[PDB]
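Following the hints, position chain C against chain E.
Here are the chains, one letter per residue:
Protein chains: 2
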Amino acid sequence: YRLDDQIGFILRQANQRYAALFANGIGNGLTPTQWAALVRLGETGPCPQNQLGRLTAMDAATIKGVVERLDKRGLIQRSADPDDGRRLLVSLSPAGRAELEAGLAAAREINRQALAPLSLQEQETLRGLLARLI
Amino acid sequence: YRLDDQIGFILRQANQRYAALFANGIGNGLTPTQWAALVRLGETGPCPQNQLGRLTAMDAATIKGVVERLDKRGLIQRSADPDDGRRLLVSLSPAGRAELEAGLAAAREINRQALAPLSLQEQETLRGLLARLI
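Order-wise, the sequence lines are chains E and C.
Each residue of the first sequence is one higher than the one before, counting from 756 in the numbering used here.
Each residue of the second sequence is one higher than the one before, counting from 756 in the numbering used here.
Errors might be hidden in some of the hints.
[Unchecked claim] Subject to a maximum C-alpha distance of 20 Å in a straight line, what follows is the list of computed SDA-like cross-link-like pairs (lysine to any residue):
1. E:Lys819 - C:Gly782
2. E:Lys827 - E:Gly851
3. E:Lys827 - E:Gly858
4. E:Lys819 - E:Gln771
5. C:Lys827 - C:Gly782
6. C:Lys819 - E:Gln771
7. E:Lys819 - C:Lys819
8. C:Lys819 - E:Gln768
9. E:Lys819 - E:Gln789
10. C:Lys819 - C:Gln768
Don't read these hints as lab results, they were simulated from the structure.
Bound conformation, chain E alone:
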């Protein structure tokens, strides 16, 4: 039992390295999860907050605060669920849409650097193996 063979320690370190490349590379001052929620709201259009959470592996409490921090920046809009007036839908602002487009190149670059230690073949193997551990 050595620590450096434990897959949890390894996962954390890969996670920490990614966090470092992302903070260095993204250019818009957003966190990884802030970006994930922004990206996802661009895919979905108007979406319940907790559902947005469940599509980005985020808690109600976690997504709550990501969306609020995204709000403080003017990047989201809220509006009544048309099928349930007790309910809110979260959507990308025009500025939040422009932020997404302005961030694509850098997010692509952060992702390419994360995988850089690996050949394009190896990247595919890793993504497949790691997808099964999600």
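Relative to chain E, chain C alone:
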């Protein structure tokens, strides 16, 4: 640009799953990093707190944090660095050494469950591929 393809999203989810298996499986109420620090002090013996951090990918404030919580549970002992009396060394308690032993089985089991979706050869491939993304 689909989110589910981004290695950052994938890493976070693999990490959250590991966290869930670990909380379910450890049996002694320690976090992954608390456990990592504990395991590492078993390997190193008396060791400076900041060096302990640099051996477990934890910065000064982070390593400070888990050592204090480890101390609250009676699992560590502090003593003066014999080559530098300004300095402290951190070491396992008898109780902390017992905790490590009592925890080995479950940490092994958490680790095997984490990797369970993969064949024993696929694990080796993944461990190798991931090592290089650390």
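Checklist entry - Would the pair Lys827 of chain C and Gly782 of chain C pass a check requiring their Cα atoms to be no farther apart than 20 Å? => result At roughly 18 Å apart (the allowed maximum being 20 Å), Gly782 of chain C and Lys827 of chain C satisfy the hint.
Next on the checklist: Against the 20 Å threshold, does the CA-CA distance of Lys819 of chain C and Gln768 of chain C hold or violate the hint?
Outcome noted: The hint is violated at about 27 Å.
Checklist entry - Does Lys819 of chain E pair with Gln771 of chain E here, judged by a C-alpha cut-off of 20 Å? => result This hinted pair is violated, its Cα atoms lying about 23 Å apart.
Next on the checklist: Between the alpha carbons of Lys819 of chain C and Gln771 of chain E, is the straight-line distance 20 Å or under?
Outcome noted: This hinted pair holds, its Cα atoms lying about 18 Å apart.
Checklist entry - Can the restraint linking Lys827 of chain E and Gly858 of chain E be considered satisfied, given a maximum Cα separation of 20 Å? => result holds, 18 Å
Next on the checklist: So if I understand the rule, the pair passes when the alpha-carbon distance is 20 Å or less; does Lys819 of chain E with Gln789 of chain E pass?
Outcome noted: holds, 11 Å
Checklist entry - Taking only the CA atoms, is the gap from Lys819 of chain E to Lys819 of chain C under or equal to 20 Å? => result violated, 30 Å
Checklist entry - Taking only the CA atoms, is the gap from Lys827 of chain E to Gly851 of chain E under or equal to 20 Å? => result holds, 11 Å
Item to check | Given hint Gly782 of chain C paired with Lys819 of chain E - CA-CA distance at most 20 Å | outcome: Violated - the C-alpha atoms of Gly782 of chain C and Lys819 of chain E are around 31 Å apart, more than 20 Å.
Item to check | 20 Å Cα cutoff - pair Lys819 of chain C, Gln768 of chain E | outcome: holds, 18 Å
In summary, the structure is inconsistent with hints 1, 4, 7 and 10 from the numbered list given earlier, while agreeing with the others.
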